[PDB]
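Encoded as structure tokens, the following chain is the form solved without ligand LHR, with no partner shown.
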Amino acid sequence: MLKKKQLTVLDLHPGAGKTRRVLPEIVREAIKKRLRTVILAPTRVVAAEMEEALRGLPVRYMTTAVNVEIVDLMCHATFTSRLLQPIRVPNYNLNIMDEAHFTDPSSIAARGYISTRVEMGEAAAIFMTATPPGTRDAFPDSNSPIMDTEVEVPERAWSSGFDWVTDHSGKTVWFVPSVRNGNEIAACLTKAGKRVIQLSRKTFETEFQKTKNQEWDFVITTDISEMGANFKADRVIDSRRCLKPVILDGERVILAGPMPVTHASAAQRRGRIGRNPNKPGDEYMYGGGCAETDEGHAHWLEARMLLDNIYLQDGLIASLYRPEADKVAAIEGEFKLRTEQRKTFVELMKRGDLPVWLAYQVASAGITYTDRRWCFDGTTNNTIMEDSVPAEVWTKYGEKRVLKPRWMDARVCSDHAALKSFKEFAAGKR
């Protein structure tokens, strides 16, 4: 697997031991061969788990998530961020991506960068995932048999007709299509006397610990838990539905759907259970079919925005990883920014915590990071609502204004927490 100019897809079925058994073997061999190696973990939670699997081995943990060399370990997003910034990144001879199905824009971009370096003959790479891009198998092998049942799954509060949900006496991981939908289901379950933990992208690294430290009956989670999150559960309830960010008329981003998940997403959701060879009969209840909803999904356009701004060699631009390259229609290099606008782009995404697409619109317009006039001078149909009335903030000048951004990205106000963060941004508070 370790030879140069080779990209290996390590696609053992879920729970087969890719992360805990195969990975340390790979690391020991890479150290013996003096290969400069990067290990890419999807989340800080997984990075901390990897330190336990890699205990003893000389690995530099480039994250504060690990309380503790020619092997570096960092998060997917950190790798892509460092490539975008002036910071020097080693030309790693061996690039290991764990949970390489992650569809975050930074993860897609990292796969494009790594796979291009391999294609140029400069490096080796190992992509670890049970569900490579394009998988059509929602029901892969597992360590113990799974009971699969197609069934109508509630997506709103319910009173009758779903007794099977609450009659269960084990622990359930329930994949919902959005934070707001999960809030409603959570409230309904809590009213029925269940103890519920909710997880989403921005709360995961913090709230996941409650699944170890607290008694719980349900974990209500968005698709973030598709990325190596381990639960001691015996049932998965899968709405089989997700929101799809879509760029409309090249001018705005909406959150379309909910709509079907990909086969890979469904397989990863189901793959939370059936992982213990000593506990057969975990249950997977699924509420819809699968479809290729990554086609036209904004994350792959946003990956091209990132990759267009990563230096590879002179003027060349890395391509997306071939199996996922057709999921976006874009002109190669069309998002490349000059030095100063690229710095603004990066700052809008990191400190600004704006979605990639929105950060690009602002930076490519020549706006500097601290200049928030664009948050207020949009068209009337770009007005953002809070509790059914136009949302308002005090500008950094002390004037109360309606939030009406020049470019509208639905992800800045899809839940209360997102809106709170964007209001603070519009006010100049970060």
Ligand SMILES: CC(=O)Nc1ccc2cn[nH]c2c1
Given for the second form:
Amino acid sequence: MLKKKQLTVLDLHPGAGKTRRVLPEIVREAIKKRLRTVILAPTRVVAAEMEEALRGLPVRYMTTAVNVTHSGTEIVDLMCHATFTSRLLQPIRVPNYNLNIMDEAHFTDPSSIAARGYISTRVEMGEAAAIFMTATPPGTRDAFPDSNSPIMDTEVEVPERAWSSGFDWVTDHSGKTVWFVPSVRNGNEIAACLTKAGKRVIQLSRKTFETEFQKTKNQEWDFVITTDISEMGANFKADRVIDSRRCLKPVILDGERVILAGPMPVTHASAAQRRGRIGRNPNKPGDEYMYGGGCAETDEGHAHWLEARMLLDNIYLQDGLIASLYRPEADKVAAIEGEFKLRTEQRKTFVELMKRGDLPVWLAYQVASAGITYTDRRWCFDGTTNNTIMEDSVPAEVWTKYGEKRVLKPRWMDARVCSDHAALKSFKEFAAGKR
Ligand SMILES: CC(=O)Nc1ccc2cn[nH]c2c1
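Can you switch from the form solved without ligand LHR and show the form solved in complex with ligand LHR instead?
Full assembly next; the chain just shown is listed first.
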């Protein structure tokens, strides 16, 4: 498994022990063979869990999520998927790791897809070995894989709005439920309806994940309302999963704007990962999985695969060569390899708009490729009237860095900058020149 020129997919079912049992064995063998190794965690929460399973082993934690004193002699590095891709893009020397281990390798965020493409290209070239750890490899068609204990699967209508009647089974439950919703806004409505009925609810999403996940272990709760981020190795002490079976899909229209389409069906991989939250304790059979729709291959034409190509086109590999996407997920986008390659100055602006600007990859690319510098925000206000960003049914307004009140009307409209109150707040600060 650790021999050069080989990519292995460790596809044990959810809860089979990939992270707590297999991962330490692989690390011990890699250190014995003196292989310079990278361990890639999807989130800071998973990085903290990996430190518990690897505790004592000489691993260098390149994250502030772990408070450890490194000896300086570690040959095994651990960092998040995004950090790896970020360091590849930046003018920082990244070691040419002999062994590349990716945990939760089904993660479909652009930086995870780009990391898989880069690593799999190095393996194809015969320069490295790689191990992708996931119960649901790219292309899986089984939404009901094996579990540690039997699960009661039930197809049922699941509410996506507040309800006054017709869903007694939801509140007539004395255990703990994890509920996957298609968006932050949809979760807010269900959480308020559940709170009004006397339930204690915790809400999780990409931006609030590390802080709010702590509350699932520090306090008593009845429901966790979460977006698709909890498919990435997040574990709960629950006995029921309610799954809407729906997600939002970013879609690029005519190469000029990004909309959040749907809600629409999740992939079979996503459904299996959501269901996989329960049935994990062999001593507690009977966990329930209630699902509200079917699965579909909605990753085809999803903006994240296009954004992954924008990232890989700007990562140095060898001379003019460019890393391809990982073969099983390469048909999800119809881009020309190298079509997003930027010149040195524009590439630096592209990186900074993502790293400091916190802009989506697609939007960062439109700005940098237009020859606009990082601190130049005139583009946030000179778009067409149909690009007006709306806040509570009235045009959003900001004071520019010049002291003038202006309506937010970006030249390129990416729906992810205003998909929720928190996102629009961060975009307003960016348009105002506050970061
Ligand atoms: C993959 C493909 O269809 N090409 C494409 C799609 C959308 C955009 C937006 N900006 N550049 C683009 C290039």
